[PDB]
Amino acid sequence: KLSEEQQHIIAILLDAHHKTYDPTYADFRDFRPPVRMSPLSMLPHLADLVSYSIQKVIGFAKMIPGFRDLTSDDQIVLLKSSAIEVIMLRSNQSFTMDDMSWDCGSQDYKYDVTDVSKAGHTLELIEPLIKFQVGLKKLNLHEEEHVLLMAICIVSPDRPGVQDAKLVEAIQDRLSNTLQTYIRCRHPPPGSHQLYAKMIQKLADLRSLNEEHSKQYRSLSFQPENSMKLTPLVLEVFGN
């Protein structure tokens, strides 16, 4: 039932993800170190982490079949609006529900509710972020459906600023069809439709987590003392 094109798309996205996600987390050692107490002691470390993650998201996105065919303007608006969502999404592979934290190789690089607050955020964001990660874990997604979800998140025609919405929608359609077909090859109805519905809802959830992170980011980065601790790529991508 998975056509030749669908297996091909899936193989591409899996290779793109394995080329942009290091499960050894070896590069976390080159970030500014985590300081667990300026009540924003984790801001330098987590800023470097976010900056690193943006670069990984751009590398993944470039390998999405069809993304190259978009204009440069549409590639930029898609990555600017999607980046925080793909970061939250891809971070689930490091999320461990033992202690509701993101385990990234060691005790130093393990981030819990209070580590994120030490970068300036409140439970207004973190509480829905943790439950999002837990709900994602419950779904028990194949890596195949995970990378398809990240790609569908990026190529969305409803992002503000998108020029060629129809092309973007045509690219998303082929990824959507590919994921729907992968589910149907794996799960019979009605369970197949219940899973696809739970994944769509997670994309809706990321939109509202996006809006809430952006409001807190705008408040945090408005203080020059916080802006100073960010990185140039974060200020460019998350700003103007």
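Residue numbers count along the first chain shown, from 1. Just so we're on the same page, rigid core means the largest C-alpha set that superposes within 1.5 Å between forms. Residues that one form lacks are left out of the comparison. First, how it differs from the form deposited in another entry.
Compared between the two forms on the core, the listed residues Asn210, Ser192, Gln55, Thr181 keep their C-alpha shifts below 2 Å, save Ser192. Shifted segments between the two forms, defined as at least 3 consecutive common residues whose CA atoms all move 2 Å or more after rigid-core fitting, occur once only, at 186-193.
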The other form holds:
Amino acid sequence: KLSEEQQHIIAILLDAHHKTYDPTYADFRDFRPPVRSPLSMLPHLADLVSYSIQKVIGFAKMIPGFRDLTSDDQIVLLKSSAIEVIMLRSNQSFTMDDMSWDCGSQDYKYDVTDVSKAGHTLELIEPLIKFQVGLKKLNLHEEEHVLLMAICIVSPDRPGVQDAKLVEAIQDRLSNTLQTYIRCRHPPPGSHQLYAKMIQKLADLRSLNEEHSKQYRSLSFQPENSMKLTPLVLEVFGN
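May I ask for the structure of the form deposited in another entry now, the form deposited in one PDB entry having been displayed?
No partners, no molecules, just the chain.
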């Protein structure tokens, strides 16, 4: 059974997401323009990422027990997870029809070529698109999606974590809420191994994140590309 606390945790995560994710994509008009030339999509996409980093921080602050962490633990959890949560939350704009992220217009519709135009290769792109397709095929409830994002953020094994025990107790409450949720609310046959599948996606994001870092370091090595990023991205991903 889903306790009152469990249901309250879920209600809070949904609202937090509803507050930090704008399915109209209206703000994208403020980004440097997309241009479709080496690295033509990088300014636009660097702005999209930096914007998304702010939304993810906003979401994280609303996670039950996250505010109980020290400032240091909050910073290290956000710094490692940011990219992963952005890949996760991006699933909402991803569409299987054209394997692309569709944000309401042709200008804000992003495909594999757009990503390559931001300085990425098939090495990262292929596993990213495969990740989006596998998540998409889970067809998660919105409740599940927002729980997965919270569980991704509050992982006790992220580098630089000091109070692993506290981070782990936070995550545990969220995992148990997810487990019970699937059991009580997710009907078969969709629920089959659903928890194990969602956890395997967290493993996939970690690999993707490891790969992303290598690419990010190669980009950080040419300061004329690094120049095109935002201050928040440099802070959060390093320089």
